[PDB]
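Enquirer: The whole structure should be built from the sequences, with the hints applied where relevant.
Listed below, chain by chain, are the residues.
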Amino acid sequence: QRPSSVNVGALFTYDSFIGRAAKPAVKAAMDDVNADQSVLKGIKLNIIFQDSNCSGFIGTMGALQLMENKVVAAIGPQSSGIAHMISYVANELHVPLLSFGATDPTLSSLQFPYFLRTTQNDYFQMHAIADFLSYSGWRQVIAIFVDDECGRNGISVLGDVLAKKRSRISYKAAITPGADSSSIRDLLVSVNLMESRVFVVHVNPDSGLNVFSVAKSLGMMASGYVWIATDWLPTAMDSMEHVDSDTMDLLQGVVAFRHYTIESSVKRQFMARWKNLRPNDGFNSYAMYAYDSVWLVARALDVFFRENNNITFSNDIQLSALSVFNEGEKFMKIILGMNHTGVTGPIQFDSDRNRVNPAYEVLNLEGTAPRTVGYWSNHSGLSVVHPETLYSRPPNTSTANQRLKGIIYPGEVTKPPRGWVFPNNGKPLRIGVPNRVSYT
Amino acid sequence: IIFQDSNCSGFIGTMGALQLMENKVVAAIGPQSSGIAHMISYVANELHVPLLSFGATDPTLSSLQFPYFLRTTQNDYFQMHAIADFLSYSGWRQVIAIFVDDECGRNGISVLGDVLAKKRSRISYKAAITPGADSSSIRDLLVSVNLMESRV
Ligand SMILES: *[C@@H]1O[C@H](CO)[C@@H](O[C@@H]2O[C@H](CO)[C@@H](O)[C@H](O)[C@H]2NC(C)=O)[C@H](O)[C@H]1NC(C)=O
Ligand SMILES: N[C@@H](CCC(=O)N[C@@H](CS)C(=O)NCC(=O)O)C(=O)O
Ligand SMILES: N[C@@H](CCC(=O)N[C@@H](CS)C(=O)NCC(=O)O)C(=O)O
Ligand SMILES: *[C@@H]1O[C@H](CO)[C@@H](O)[C@H](O)[C@H]1NC(C)=O
Ligand SMILES: *[C@H]1O[C@H](CO)[C@@H](O)[C@H](O)[C@H]1NC(C)=O
Ligand SMILES: *[C@H]1O[C@H](CO)[C@@H](O)[C@H](O)[C@H]1NC(C)=O
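So the sequence lines, in the order shown, correspond to chains C and D.
Under PDB author numbering, read the first sequence as residues 56 to 371, 382 to 505, first letter to last.
Each residue of the second sequence is one higher than the one before, starting from 102 at the first, in PDB author numbering.
Wrong hints could be hidden among the right ones.
Just the calculated beta-carbon pair ranges, DEER-fashion [to be verified]:
id : chain 1 : residue 1 : chain 2 : residue 2 : range
1  : D       : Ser237    : C       : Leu332    : 50 to 60 Å
2  : C       : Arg495    : D       : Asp186    : 21 to 31 Å
3  : D       : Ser225    : C       : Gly192    : 17 to 27 Å
4  : D       : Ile197    : C       : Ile317    : 38 to 48 Å
5  : D       : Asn247    : C       : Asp106    : 46 to 56 Å
6  : C       : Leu384    : D       : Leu148    : 12 to 22 Å
7  : D       : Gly233    : C       : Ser416    : 13 to 23 Å
8  : C       : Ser236    : D       : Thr173    : 29 to 39 Å
9  : C       : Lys271    : D       : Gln180    : 32 to 42 Å
10 : D       : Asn247    : C       : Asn363    : 43 to 53 Å
11 : C       : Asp415    : D       : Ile197    : 21 to 31 Å
12 : D       : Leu248    : C       : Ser416    : 17 to 27 Å
13 : D       : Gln180    : C       : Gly192    : 28 to 38 Å
14 : D       : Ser237    : C       : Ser93     : 41 to 51 Å
Only pairs whose alpha carbons sit at most 25 Å apart, straight line, appear in this in silico SDA-like list of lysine to any residue [what the hints assert, rightly or not]:
id : chain 1 : residue 1 : chain 2 : residue 2
15 : D       : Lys220    : C       : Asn247
16 : D       : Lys227    : C       : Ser416
17 : C       : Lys220    : D       : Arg223
18 : C       : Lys125    : C       : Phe104
19 : D       : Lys125    : C       : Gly117
20 : C       : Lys227    : C       : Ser245
21 : C       : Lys227    : C       : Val244
22 : D       : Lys227    : C       : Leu165
23 : C       : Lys395    : D       : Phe112
24 : D       : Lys220    : C       : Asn490
25 : D       : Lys227    : C       : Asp202
26 : C       : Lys227    : D       : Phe200
27 : C       : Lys227    : C       : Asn489
28 : C       : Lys227    : D       : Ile199
29 : D       : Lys125    : C       : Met116
30 : C       : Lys219    : D       : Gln195
31 : D       : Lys220    : C       : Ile496
32 : D       : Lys220    : C       : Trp485
33 : C       : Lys219    : D       : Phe200
34 : C       : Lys398    : C       : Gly410
35 : C       : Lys220    : D       : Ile210
36 : C       : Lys78     : C       : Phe112
37 : C       : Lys220    : D       : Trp193
38 : C       : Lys492    : D       : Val216
39 : C       : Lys219    : D       : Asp241
40 : D       : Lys220    : C       : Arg495
No wet-lab data here; the hints were simulated from the structure.
Each residue gets a CB set at the ideal place from its N, CA and C atoms; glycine is no exception.
Expert: This is the structure in structure tokens:
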């Protein structure tokens, strides 16, 4: 018996660069699944929203209010510290937790069986940097990361993938998540006086751009300082409606990465649909995953109701009166076997719960235009062609295949600057001079 | 002393500690599972109730992002030096870690990844069992760890 309406969850912080694009995109796909009668099936899929102020407390307390409400799924957290704890209350209520902005390389494991990840695993950027570094041959990197659950799990991977190529991370500098403009200066001064100039930065996007506004005004970004940035930096730009060309002057040589997505007419009509909406045009490509995840619910919601006649619940100071979701691991099992093609190309999940084709569009920032100096893929790694071409090929592992365009490093140089710089710390260079008696 | 427990799963402990916070308290003798101790140190940070652990030993808890988590046991950061002093005392220099995949395992060994770099050693292969460990997952692991490059 197909009911009147089904309720899914939505945990995403409204007051950030991801959520202000996510909230129309979830509202957009909700309007299309109630317009598409092939997936409607007499059911009005309304989506209960539940914001959070990016804190671990009221994220869970809002989601416990979602679990007191009846749900069948929950469009997951993107904060990735909420996504640990909610994937303990979704590991005991058997509710599938489909994240769109997780990017945490420990959530795809067997201790979290109900945490499916629609975005690409952050485990692959730390390969794509560890393919980018041994491409240029720098081999000694000093990392900078916010000390959240996303940093300490992220740069622990890059410590390990660089160990296979005999590279290493020298000094895991770590900003505190509540950071003013003083704790950034106390740290970025203390890493100028060290042995490397290849900075990986992996910071949350809202306070992420305030790292470079300290690095410019400290004299760091100059000749001989390679800045590599992960996905937050294009999300810090593309969430702004137009690049204001002062922040672009801060970013002169920083080799950022970005989630590559193959184009189609479905994504093309969505971009014109996005121009029809205008939430100040903060199109930052996480809304492209947030528009995907509602379809990935709804198409899996469609297939599950051709088998099951009806969803089923139960009943279990403030007591534990939360309604558990009976018969959920069957509904979780059909979502892993999905072969849907959303707006971001094909969707498939292998045994490691990753999405099947991770591809990163490298980009350089040298002028006022971000030009894409290559494409990283899981398949080949560092092409210059669009990485959908090589997917039918055999995996070609050649040194002539790992190839990139002209890269402009900071200081307006274009030869790859040497990483090592001798430190100015309390140790002096102990030159050992012999004490000659003959032939002085 | 109001006694509440978890059953070593993180779900009912945070519900049960929220019952302690639904109750009025002036302190809280902290958890020791340290998957609990991350979440309860986000409910202590919004209720200003001091959380004092005795069995935390998770070397990412002693940070200023958690202003209300004082640790009365020895910080596990000071144990991973003692292995990294014992290894360079024997001169073994290459070590295959085995850790449960809790927060005491990843943050525990990522410290040993860091401290062995300062003495120019390294960890070969961070093998990682799941939290609910069968006696078949350990055989599936430790067969594939005999076939590697280190014995320490
Ligand atoms: C990313 O690429 C690697 C390399 O091919 C994939 O690893 C392979 O996975 C299949 C089954 O998943 C195994 O049979 C192969 O032996 C693996 N190859 C290697 C070299 O390990 C990996 O699965 C890819 N990721 C995704 C999400 O598809
Ligand atoms: N928590 C963020 C909002 C959401 C967010 O961006 N979370 C991080 C945690 S991992 C993220 O998704 N980062 C993507 C990345 O840098 O790879 C904030 O401080 O506003
Ligand atoms: N969580 C444990 C019981 C409590 C416990 O022992 N927690 C661990 C994880 S922090 C601990 O105290 N470890 C101390 C140590 O290994 O140094 C269990 O499996 O039931
Ligand atoms: C998914 O679909 C593609 C073509 O649409 C097919 O080649 C592939 O085998 C399918 N995978 C499945 C059914 O697991
Ligand atoms: C967090 O930010 C929100 C939105 O700006 C605002 O309500 C307030 O400053 C904070 N909320 C609380 C009380 O945590
Ligand atoms: C402990 O008992 C609980 C009931 O509170 C039940 O989940 C199980 O038998 C035990 N749980 C664990 C994981 O120890």
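Enquirer: Give a verdict on every hint.
Expert: Here is how each hint holds up against the structure:
In this structure, D/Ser237 and C/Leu332 meet the distance hint of 50 to 60 Å, their C-beta atoms being roughly 52 Å apart. For C/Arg495 and D/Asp186, the hinted distance range of 21 to 31 Å is satisfied, since their beta carbons lie about 24 Å from each other. Between D/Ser225 and C/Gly192 the Cβ separation comes to about 23 Å, which falls inside the hinted range of 17 to 27 Å. Separation of D/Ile197 from C/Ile317 is about 40 Å and conforms to the stated range, judged on CB atoms against 38 to 48 Å.
For the pair D/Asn247 and C/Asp106, the supplied restraint of 46 to 56 Å holds, since their beta-carbon distance comes to about 51 Å. Here the CB-CB span from C/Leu384 to D/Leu148 is close to 20 Å, well matched to the stated 12 to 22 Å. At about 18 Å, the beta-carbon gap between D/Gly233 and C/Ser416 stays in the expected band of 13 to 23 Å. Between C/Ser236 and D/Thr173 the C-beta distance comes to about 34 Å, which sits within the given range of 29 to 39 Å.
Between C/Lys271 and D/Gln180, the C-beta spacing of about 41 Å keeps the proposed range 32 to 42 Å intact. The given range of 43 to 53 Å is respected by D/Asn247 and C/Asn363, whose C-beta atoms sit roughly 46 Å from each other. Range check, C/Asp415 to D/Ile197: about 26 Å between beta-carbon atoms, so the 21 to 31 Å window is met. In this structure the supplied range 17 to 27 Å holds for D/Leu248 paired with C/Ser416, their Cβ-Cβ distance being about 21 Å.
About 37 Å separates the C-beta atoms of D/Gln180 and C/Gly192, a value consistent with the hinted range of 28 to 38 Å. The supplied range of 41 to 51 Å is met by D/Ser237 and C/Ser93, whose beta-carbon atoms lie about 44 Å from each other. Our distance criterion of 25 Å between C-alpha atoms is met by D/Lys220 and C/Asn247, whose separation comes to about 22 Å. About 20 Å separates the Cα atoms of D/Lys227 and C/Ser416, which keeps this hinted pair within 25 Å; it holds.
For the suggested pair C/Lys220 and D/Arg223, the alpha carbons sit about 13 Å apart, so the restraint of at most 25 Å is met. For the given pair, C/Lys125 sits about 13 Å from C/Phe104 by alpha-carbon distance, which is consistent with the 25 Å threshold. A threshold of 25 Å between alpha carbons decides the hint, and for D/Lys125 with C/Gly117 the separation of about 22 Å falls inside it, so the pair holds. With a C-alpha separation of about 12 Å, the suggested pair C/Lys227 and C/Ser245 falls inside the 25 Å cut-off, and the hint holds.
Restraint check: the Cα-Cα separation between C/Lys227 and C/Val244 comes to about 14 Å, which is no more than 25 Å; the hinted pair holds. Taking the CA atoms of D/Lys227 and C/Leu165, the gap is about 17 Å. The hint holds against a cut of 25 Å. The hinted pair formed by C/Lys395 and D/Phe112 meets the criterion: a straight-line CA distance of about 22 Å does not exceed 25 Å. Among the hinted pairs, D/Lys220 with C/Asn490 is consistent with the structure: their alpha-carbon atoms are about 18 Å apart, no more than 25 Å.
Taken as a hint, the D/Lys227 and C/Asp202 pair is honoured in the structure, with Cα atoms around 21 Å apart against an allowance of 25 Å. Using a Cα cut-off of 25 Å, the hinted pair C/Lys227 and D/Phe200 holds, with the two alpha carbons roughly 21 Å apart. In summary, the hint linking C/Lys227 to C/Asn489 is supported, as the alpha carbons are separated by about 18 Å, within the 25 Å threshold. Between the alpha carbons of C/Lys227 and D/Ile199 the distance comes to roughly 22 Å, so the proposed pair stays at or under 25 Å and holds.
Straight-line distance between C-alpha atoms of D/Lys125 and C/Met116 comes to about 19 Å, which keeps the hinted pair within the 25 Å bound. At roughly 14 Å between alpha-carbon atoms, C/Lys219 and D/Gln195 fall within 25 Å of each other, so this suggested pair holds. Proposed proximity of D/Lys220 and C/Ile496 is supported: the alpha carbons are some 21 Å apart, at most 25 Å. Between D/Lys220 and C/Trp485, the direct Cα distance comes to roughly 19 Å. Compliance with the 25 Å bound is thereby established for this hinted pair.
Between C/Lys219 and D/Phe200 the alpha-carbon distance is near 20 Å, which keeps this suggested pair within the 25 Å criterion. Proximity of C/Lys398 to C/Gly410 is assessed by CA-CA distance (about 22 Å); at most 25 Å being required, the pair is judged to hold. For the hint pairing C/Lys220 with D/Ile210, the CA-to-CA distance comes to about 20 Å; that is within 25 Å, so the pair holds. Using a Cα cut-off of 25 Å, the hinted pair C/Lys78 and C/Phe112 holds, with the two alpha carbons roughly 21 Å apart.
Pair hint C/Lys220 plus D/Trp193 holds up; C-alpha atoms about 21 Å apart against a cutoff of 25 Å. Proposed proximity of C/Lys492 and D/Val216 is supported: the alpha carbons are some 19 Å apart, at most 25 Å. Between C/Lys219 and D/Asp241, the direct Cα distance comes to roughly 23 Å. Compliance with the 25 Å bound is thereby established for this hinted pair. Taking the CA atoms of D/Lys220 and C/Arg495, the gap is near 19 Å; set against the 25 Å cutoff, the hint holds.
Of the hints listed earlier, there is not a single one the structure fails to meet.
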